[PDB]
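Heads up, the chain below is alone and in the form deposited in one PDB entry; it's given as C-alpha cells.
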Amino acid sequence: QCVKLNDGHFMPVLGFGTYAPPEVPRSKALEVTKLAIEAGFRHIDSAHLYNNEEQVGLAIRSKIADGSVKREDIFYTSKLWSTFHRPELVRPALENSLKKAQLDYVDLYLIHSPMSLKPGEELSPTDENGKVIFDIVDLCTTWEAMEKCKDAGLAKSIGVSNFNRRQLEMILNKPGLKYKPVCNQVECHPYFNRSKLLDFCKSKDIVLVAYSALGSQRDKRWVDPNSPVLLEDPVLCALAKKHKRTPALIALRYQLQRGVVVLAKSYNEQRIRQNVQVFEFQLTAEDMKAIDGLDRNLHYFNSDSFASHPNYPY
C-alpha cells in the first residue's frame, strides 16, 4: 500500500532502513537489501552518509535483472549531505549518488539535515580540537537547487529531513517557491511521537516519515546507554502477547494507523521477513491510546554536541 504525495507521486508506507555501523562489512548491505525486496519491501532508504549506495544500488539492479521487480516498482531514497548545501554543489552531489548506485534517477532526494557544514573533502570537517566546523547557508537557496534537480528528472520528488516546524515554514514561505517538500523524515517512536509536528505536517500536506521507529540501534557514539530500551517497554510487550505479534510489530503498526510512513532497519534475515507482517493485523483504538500515553519527548540522538549551530533542530 502507498500514500499519494503532494506532487502526484506515490510512496510505499513501509520502508527498509539501510544504515549499518562501520563494524558491519559492506557486503551485508547487498545481501540484506536483496532479502528486503524478496520479503516484500518496495521503499528503500539510503544516503551519501551511509557509505553503502554502491551495494544498495547493486541489490536493486539485481532484483530488476533477475525479473522479481521493475524499476517503477521500487521507491529509492537518497540524501544530500550537509557539506553540499551551497547550491552549486547540490546537483553534482546527486549525480555522484546516481553514479555510485548505478541508477538513472532517485525517487526521493532529501536535505539530510538543516545544519550546514563547511564544504570540503571531509564528511565531518573538524578543527584542531575535534570541533565540527559550521557553514552559513540560506537553506532556501539549497531548496532552489533541489527544485532544479526535480525539473532535470534526476529526482522524482524532493523533501527534507530533521527539520522542525520553524525550519519547515522557512521553506513554505520562500518567495517564488515552486515545489513544497513532499515529506519531513524525523525521529519518531512511542517515546517521542511528534504529535504536534505531525498535525502541522498534515495541515500542510507533508508526509511525516519516522526513523528510529524501533528505538534506534543504540550506537554508543550517539545514544546514551542508560536510556530505556523501547522494545522492552512493558506496554509494548503486553500488546505483543495480546495480538500474538512482537513489540517491534506493535511499534510499526502504531505509526501506520496514525498516518506516519515508517522505516525499519534490520540486517537479520528472520526479522526482515517478520517486519512485513505489519500489514497483517490491526490495533484497536484503546490499544492506540495506551501507546499514545508512553510519550516522553525522549530523543535517542545525543545531538547536544551540536546545539551551537544556528540551525540546531531541537
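So that the term is clear: the rigid core is the largest set of C-alpha atoms that superpose within 1.5 Å between two forms. Residue numbers count along the first chain shown, from 1. What changes on going to the form deposited in another entry:
- Checking 131, 241, 196, 165 for C-alpha shifts of 2 Å or more between the two forms, after the rigid core is superposed, gives a single hit: 131.
- With the core held fixed, the Cα of residue 292 is displaced between the two forms by less than 2 Å.
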Second form
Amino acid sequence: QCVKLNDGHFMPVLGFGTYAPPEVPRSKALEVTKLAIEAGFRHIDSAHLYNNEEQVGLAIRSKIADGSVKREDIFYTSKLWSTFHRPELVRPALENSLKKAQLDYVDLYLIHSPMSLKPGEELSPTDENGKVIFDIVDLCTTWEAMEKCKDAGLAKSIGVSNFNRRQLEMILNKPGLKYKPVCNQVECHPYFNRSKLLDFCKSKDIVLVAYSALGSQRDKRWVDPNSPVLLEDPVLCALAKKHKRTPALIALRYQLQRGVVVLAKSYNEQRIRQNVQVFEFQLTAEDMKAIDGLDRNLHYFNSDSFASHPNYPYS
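Now that we've seen the form deposited in one PDB entry, could you pull up the form deposited in another entry?
This part shows the chain on its own.
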C-alpha cells in the first residue's frame, strides 16, 4: 500500500526506522534491515546522522542480489544533516550518502531539521554550555539546492523534516519554487498527534510522515525519563486487548487511518515481523476518538541542546 506524492512518485505507507544509538554495534543495522525486507518492509528510513547508511545500503543490495526484491521495489530515504544547509554543501552531502549506501539514487531526500548548525567536522558542534552552535541560513536557499538534486536524478523526491506550518509556508511561498516538498517527517503519536499540522499538510498535498510513532527510543540525550511511556498508556493497552493486537500495532494503525505515513523502528526480529500486521485490522471511529483523547502536547525530543535554537519548530 502506497500513497501518491505530489511529484508523481509513490511512497509505501509503512516504513522501517533504522536509527539505533551509538551503543548498538554498527553491524546490527545490516542484520535488521534484511529482516525488515524479509518481513515485507519496502520503505526504509535512514540519514547521514545515523552513521548506518553503509550497513543499510548493504542490506538493500544483499536482498537485491539474492532476488528477494528489485531496486525499484525499495523506497529508500536519506536526510541532509544540519551542518550541510549552506546550498553549496547540499549536493556533496547527498553524493556522500549515495556513496556510503552504494546506491545510484535515493527515493527521498529530506532536510533533516530546520535547525541549521555551523558547518565543519562535528555532526553536533556545541558550545561550552551544551547547546549546539547554530548557523543562520535562509532555508529557501537550501531548498533550491535540494531541487537541483532532484533535477540531477540523485533524489527521486525531496521533502523536509521537523518543520512547523510556518516553516513549510516559507518554502511553499518561495518565488520561483520548482518542487513542493513531498512530505514533512515529524514527531507524531497519540501524545503529540499534530492534528493542525496534518490538516495543513493535507491541504497542500504534503504527506505527513510520523516518527516516534511508538513513543521514541527514549534516548537520555534528548528525552526526559519522566515522560509517560506511550506504549504503557491504558487506552492503547485496552484497545490492544479489545482487538487482540498490541499497543504498538494500535499506535501504528491510528496513523494509517488518519492518512499519515508511519515509520516503525525495531531491531528485534519478533517485533519487526509483528509491525507489518498493521494492515490486518481496523480501528473504529470510537477507537480513533479514544486515541485522539490522549493528545497532550508531549514531544519526546525535548532538550536544551536545541530548544534554544532560533529555528526550533515547537512553541
